[PDB]
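Rather than the whole complex, this shows some of its chains in their spots.
Labels run A and B following the written order; every chain starts at residue 1.
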Amino acid sequence: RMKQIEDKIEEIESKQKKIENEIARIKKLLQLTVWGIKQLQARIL
Amino acid sequence: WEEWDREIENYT
């Protein structure tokens, strides 16, 4: 019961890293869409 | 805008 609970946590920790890395990419991806939004504004208005 | 576009598919 102990060991399996430690294995549950490894999984949780593993999935959490995945989450954090994806979020990092989402934030940069959002940085880029912001640039484009603001760029299109300059040309046009 | 190419860097912008290269980066788009890059981080996605």
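What we mean here is this: a residue touches a chain if its C-beta (ideal position, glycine included) is under 8 Å from a C-beta of that chain, and two chains touch if they have at least 3 such contacts.
The displayed labels stand for chain types whose copy numbers in the whole complex of this file are A x3, B x3.
As a working rule, only the chains that are shown with their structure count from here on.
For the pair subunit A and subunit B, the distance between mean C-alpha positions equals 17 Å. Subunit B makes touch with subunit A in their complex at residues 1, 4, 7-8, 11-12. Touching subunit B in their complex are the following residues of subunit A: 25, 28-29, 32, 35-36, 39.
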